[PDB]
Amino acid sequence: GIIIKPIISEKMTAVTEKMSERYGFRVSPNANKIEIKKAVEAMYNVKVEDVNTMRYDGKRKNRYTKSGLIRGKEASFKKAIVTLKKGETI
Amino acid sequence: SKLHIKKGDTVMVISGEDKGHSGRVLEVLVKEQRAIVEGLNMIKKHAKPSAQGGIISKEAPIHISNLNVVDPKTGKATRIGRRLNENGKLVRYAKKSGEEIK
Amino acid sequence: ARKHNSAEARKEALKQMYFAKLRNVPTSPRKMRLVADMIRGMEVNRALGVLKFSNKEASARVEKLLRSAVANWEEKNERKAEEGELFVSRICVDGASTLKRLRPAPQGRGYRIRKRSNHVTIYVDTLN
Amino acid sequence: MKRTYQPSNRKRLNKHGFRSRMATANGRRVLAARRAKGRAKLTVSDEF
Amino acid sequence: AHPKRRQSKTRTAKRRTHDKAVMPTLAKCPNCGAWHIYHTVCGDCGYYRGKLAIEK
RNA sequence: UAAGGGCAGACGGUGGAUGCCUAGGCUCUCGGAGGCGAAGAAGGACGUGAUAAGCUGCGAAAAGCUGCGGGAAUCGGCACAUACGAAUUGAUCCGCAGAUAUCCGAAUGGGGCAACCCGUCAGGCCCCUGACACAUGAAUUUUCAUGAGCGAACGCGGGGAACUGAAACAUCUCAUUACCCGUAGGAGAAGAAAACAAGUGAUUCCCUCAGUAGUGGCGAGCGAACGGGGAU
RNA sequence: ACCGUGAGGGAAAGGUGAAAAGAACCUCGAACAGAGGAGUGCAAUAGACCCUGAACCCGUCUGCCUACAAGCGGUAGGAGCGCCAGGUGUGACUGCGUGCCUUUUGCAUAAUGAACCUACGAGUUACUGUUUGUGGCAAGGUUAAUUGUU
RNA sequence: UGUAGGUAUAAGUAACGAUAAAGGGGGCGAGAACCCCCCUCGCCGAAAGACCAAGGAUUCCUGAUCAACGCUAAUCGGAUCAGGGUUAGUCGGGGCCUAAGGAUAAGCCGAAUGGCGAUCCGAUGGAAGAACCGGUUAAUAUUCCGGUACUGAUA
RNA sequence: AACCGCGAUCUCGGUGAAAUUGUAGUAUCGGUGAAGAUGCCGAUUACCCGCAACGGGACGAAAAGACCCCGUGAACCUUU
Ligand SMILES: [K+]
Ligand SMILES: [K+]
Ligand SMILES: [K+]
Ligand SMILES: [K+]
Ligand SMILES: [K+]
Ligand SMILES: [K+]
Ligand SMILES: [K+]
Ligand SMILES: [K+]
Ligand SMILES: [K+]
Ligand SMILES: [K+]
Ligand SMILES: [K+]
Ligand SMILES: [Mg+2]
Ligand SMILES: [Mg+2]
Ligand SMILES: [Mg+2]
Ligand SMILES: [Mg+2]
Ligand SMILES: [Mg+2]
Ligand SMILES: [Mg+2]
Ligand SMILES: [Mg+2]
Ligand SMILES: [Mg+2]
Ligand SMILES: [Mg+2]
Ligand SMILES: [Mg+2]
Ligand SMILES: [Mg+2]
Ligand SMILES: [Mg+2]
Ligand SMILES: [Mg+2]
Ligand SMILES: [Mg+2]
Ligand SMILES: [Mg+2]
Ligand SMILES: [Mg+2]
Ligand SMILES: [Mg+2]
Ligand SMILES: [Mg+2]
Ligand SMILES: [Mg+2]
Ligand SMILES: [Mg+2]
Ligand SMILES: [Mg+2]
Ligand SMILES: [Mg+2]
Ligand SMILES: [Mg+2]
Ligand SMILES: [Mg+2]
Ligand SMILES: [Mg+2]
Ligand SMILES: [Mg+2]
Ligand SMILES: [Mg+2]
Ligand SMILES: [Mg+2]
Ligand SMILES: [Mg+2]
Ligand SMILES: [Mg+2]
Ligand SMILES: [Mg+2]
Ligand SMILES: [Mg+2]
Ligand SMILES: [Mg+2]
Ligand SMILES: [Mg+2]
Ligand SMILES: [Mg+2]
Ligand SMILES: [Mg+2]
Ligand SMILES: [Mg+2]
Ligand SMILES: [Mg+2]
Ligand SMILES: [Mg+2]
Ligand code: NA
Ligand code: NA
Ligand code: NA
Ligand SMILES: [Zn+2]
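Chains as they are written, first to last, in PDB author numbering: chain W, 2 to 91; chain X, 2 to 52, 56 to 106; chain V, 3 to 130; chain 6, 1 to 48; chain 4, 2 to 57.
Be aware that one or more of the hints could be misleading.
[To be verified] Derived DMTMM-like pairs (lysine to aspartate or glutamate); straight-line CA-CA distance at most 20 Å: (1) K8 (chain X) with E39 (chain X); (2) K21 (chain 4) with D39 (chain V); (3) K29 (chain 4) with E45 (chain V); (4) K54 (chain V) with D45 (chain 4); (5) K10 (chain 4) with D39 (chain V); (6) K20 (chain X) with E39 (chain X); (7) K62 (chain W) with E18 (chain W); (8) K15 (chain 4) with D39 (chain V); (9) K62 (chain W) with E47 (chain 6); (10) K45 (chain X) with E63 (chain X).
Hint data in this document are derived by calculation from the structure and do not stem from the laboratory.
Sequences and hints are given; from them, build the entire structure.
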């Protein structure tokens with residue numbers, strides 16, 4: 002299960018209202034395009050055309066305790082914009 | 002360590018502002034060794050409007069060493085022990101009358 | 003019972019004092035004391051005009067404090083103050099906690115900067 | 001005025017990195033001493 | 002260039018004798034009935050010397 | 001006249017002293033145990049929660065999975081939380097035994113700027129994947145066991161200062177110390193007379209002998225053994 | 001944490017309350033910025049930096065003094081005024097008076113040293129000698145290591 | 001010229017960091033010399049404009065906030081909190097090759113730890129197969145969309 | 001030497017350090033004195049409190065004098 006969660010955002014909504022065969026997933030950072038493609042085919046029973054990926058490092062954050070301050074980090078992830086064949090949706 | 006009271010028991014307050022009052026155990030806080038007795042130790046909590057607010061009257065926990073199991077013979081708030089009367093299974097019995105507590 | 007009795011006596015004494023307080027104002031106490039010394043002893047409406055048109059910055063906060071003190075007088079007397087009836091009978095400025103910062107100086111030296119705070123207390127009473 | 005520290009990541013890792021410390025016996029001595037003191041950072045390879 | 006001694010509280014207060022905040026020059030509005038700075042437009046009503054100057 | 005100032009008292013401000021308190025230290029006693037690691041260590045990286053994880057725990061089976069024994073009403077770790085669930089058909093919790101256990105690291109398929117890059121051969125899927133194997137040295141006969149690395153003190157061995165003292169300093173002292181390096185075990189080393197002595201009878205340790213015999217720019221200093229009493 | 005290229009160096013920081021019952025609501029204000037109430041509580045001058053709450057340092061009020069006066073700031077006299085029944089605050093005016101430590105033949109010294117307060121800070125212990133105060137035995141005195149019973 | 005913490009004095013004093021410069025009208029707001037829009041003025045213009053790399057590491061965009069930070073105030077910010085944002089067969093890098101140098105093989109040297117020693121590693125150099133015109137976001141574009149192509153494997 | 005312009009300077013609003021510091025109600029002259037006195041003696045002068053301006057004194061501040069001597073102190077350099 003390399004797919005973590007779908008991307009619900011204004012940019013994804015705009016690109017899906019434009020193209021309607023495009024869907025954005027957030028996946029594990031070490032999964033390459035071929036396995037992302039096979040995984041979405043397994044999880045949704047669709048034929049996939051092309052995959053675009055970009056790596057995000059975690060945001061640095063400031064955890065606040067009673068006394069002072071601690072420096073922490075969010076987890077890294079990989080974005081996967083997925084183009085289905087013309088005719089199918091998710 | 003297993004406790005001398007449990008939820009669903011009727012206890013009597015042997016010390017405090019509510020000394021000499023009996024009630025039913027609602028919840029037990031094992032970590033801090035306190036229990037909520039129904040109708041006893043009322044507090045007025047100020048709550049801001051959230052999911056109208058107001059002044060809610062509620063029950064505050066009592067330390068369990070201030071509570072004793074009520075004897076089911078005279079209601080005298082006895083001490084309890086444990087024995088194997090019920091087919092060898094450990095059960096709680098009152099020391100003032102020898103009757104088991106069910 | 004001793005602390006309860008002392009607290010009851012203090013609470014009963016508080017009912018006949020008409021005052022307001024401003025605490026932890028981030029501003030020099032020595033500069034606030036100039037305005038306090040200016041308005042000490044004045045009739046309240048004249049003092050309000052003086053604070054409204056003064057050329058010192060601290061007068062803006064002192065004006066709100068004096069308005070609050072007048073409101074406290076009105077609440078504790080259960081009426082409204084007539085014109086020219088109240089005056090500023092007591093006012094003091096105290097030093098509060100200080101924030102400490104560092105400012106760089108030439109040749110690598112560093113100097114401390116003190117950002118001071120103050121408290122103000124205002125009493126009002128009738129011109130007796 | 002040019003100051004003493006002129007950063008270069010390749011030079012930093014070549015001079016003070018984990019593999020360069022592990023290469024010699026005295027570098028392993030340094031690593032053992034830092035581990036015994038209990039340092040959260042062991043080499044310059046730790047920082048990011 | 003350098004103080005030979007620290008100043009006493011008395012010496013400091015004696016110097017600060019002449020530090021004071023200036024009282025504003027306030028006139029009363031005979032008609033409007035409020036405070037404003039003398040020789041200045043009364044900002045509550047906008048009048049100056051009996052004539053409207055700033056129209057609200 | 002007090003613009004201001006001085007002294008005292010009362011009441012405040014600031015600041016955090018003092019008093020009281022605490023399982024956080026310090027020093028020991030008794031009994032165990034004295035290692036972990038190629039079946040992959042110590043120490044790390046990256047993940048893992050209903051809600052971001054800072055610690056804790058765990059490892060793609062990821063605040064966790066299985067069995068046996070104990071036990072009986074709450075439980076779902078902590079940094080002042082709600083939700084939602086589990087649980088008398090016996091949860092959670094405790095003892096013993098198991099399963100899983102990513103990447104780096106002696107790191108061992110080849111490299112490398114630790115936590116990454118690139119491969120070969122046998123299979124299985126299907127350009128890409130998951131699961132095997134693929135280092136080197138020593139006994140050994142290519143089958144086999146063993147080793148490498150880390151780590152408190154104590155042991156043995158190989159090298160080995162100087163400041164200092166001698167009121168300077170070179171013999172001497174500091175000292176076969178500090179430090180560097182190699183290598184064991186639960187202890188190690190030593191040990192059964194080609195011995196001491198002027199009769200005793202292998203080693204080791206304690207009390208004496210004794211600051212004695214000696215030694216020494218006979219200076220500063222250093223300093224036994226025999227014998228006797230014990231532990232064994 | 002911070003500092004250093006690195007080896008390495010290396011802090012500060014505990015306490016509401018029995019129980020969060022951790023202050024619904026009202027008033028002033030743009031706002032809790034803050035406060036005054038109400039309420040909880042034995043206690044809120046226990047209100048989140050919260051037990052107690054000292055000094056240096058900073059204010060307000062009350063009493064007395066002070067604008068013809070000149071040196072370590074006190075000390076010994078001594079009117080008047082002012083408070084609570086012989087005590088207490090202040091003090092017109094008078095006499096005397098060159099801080100302290102250290103170092104020196106000798107320091108007001110223009111020799112040294114300190115901004116102030118609170119806290120911290122410097123003849124200790126072991127062994128072996130020797131002298132002495134007090135003791136036990138006494139021509140004798142005393143055990144060391146160690147061993148038994150508890 | 002002792003140490004830690006706190007608080008004074010000098011003192012509301014020095015200073016607020018290039019003498020390129022500002023004026024007015026509207027907006028929002030409790031509050032405006034400084035924030036937003038417009039007009040006028042001034043400064044740079046082989047730069048004080050536009051790009052690549054090193055280095056930095058979310059500072060980028062949006063909504064809330066003005067406690068602390070900003071040498072003034074602030075409704076503003078490279079500030080606090082939350083959300084969002086970086087898309088490649090053709091761009092750059094790496095996968096390939098070697099230089100200085102480094103680690104080693106066979107061997108050599110040496111109380112120990114170790115020191116030398118030709119294949120491997122190692123760019124700052126060599127080889128790299130391969131387009132584009134137009135649109136498009138608050139924030140990416142030779143990377144997304146539409147047209148025109150090219151290049152390498154494989155059946 | 002005179003005049004001129006801007007920046008600093010001066011006044012007001014906002015922010016706000018430092019060196020220094022035994023306590024000070026800290027005058028002048030002569031004398032005295034560890035031998036050059038705000039502080040001692042005798043006289044003289046002087047109503048209380050600021051601001052601008054200048055540098056004679058406070059043997060002004062800073063840095064436990066580098067010159068000189070001393071220590072059976074140290075380092076480095078030379079040599080029959
Ligand atoms: K694409
Ligand atoms: K990419
Ligand atoms: K009890
Ligand atoms: K042996
Ligand atoms: K209390
Ligand atoms: K207490
Ligand atoms: K106090
Ligand atoms: K006197
Ligand atoms: K001197
Ligand atoms: K000094
Ligand atoms: K905004
Ligand atoms: Mg941020
Ligand atoms: Mg301020
Ligand atoms: Mg103003
Ligand atoms: Mg600098
Ligand atoms: Mg002045
Ligand atoms: Mg006080
Ligand atoms: Mg598995
Ligand atoms: Mg069971
Ligand atoms: Mg290797
Ligand atoms: Mg010597
Ligand atoms: Mg505000
Ligand atoms: Mg109190
Ligand atoms: Mg307190
Ligand atoms: Mg006269
Ligand atoms: Mg007079
Ligand atoms: Mg002399
Ligand atoms: Mg003298
Ligand atoms: Mg001296
Ligand atoms: Mg001094
Ligand atoms: Mg002196
Ligand atoms: Mg001191
Ligand atoms: Mg000094
Ligand atoms: Mg001055
Ligand atoms: Mg400057
Ligand atoms: Mg200036
Ligand atoms: Mg970069
Ligand atoms: Mg921005
Ligand atoms: Mg500001
Ligand atoms: Mg921002
Ligand atoms: Mg090569
Ligand atoms: Mg290159
Ligand atoms: Mg951009
Ligand atoms: Mg000036
Ligand atoms: Mg000013
Ligand atoms: Mg003289
Ligand atoms: Mg003189
Ligand atoms: Mg003097
Ligand atoms: Mg001088
Ligand atoms: Mg000297
Ligand atoms: Na006065
Ligand atoms: Na490998
Ligand atoms: Na000058
Ligand atoms: Zn009018």
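Checklist line | Hint check, failures only | finding: 7
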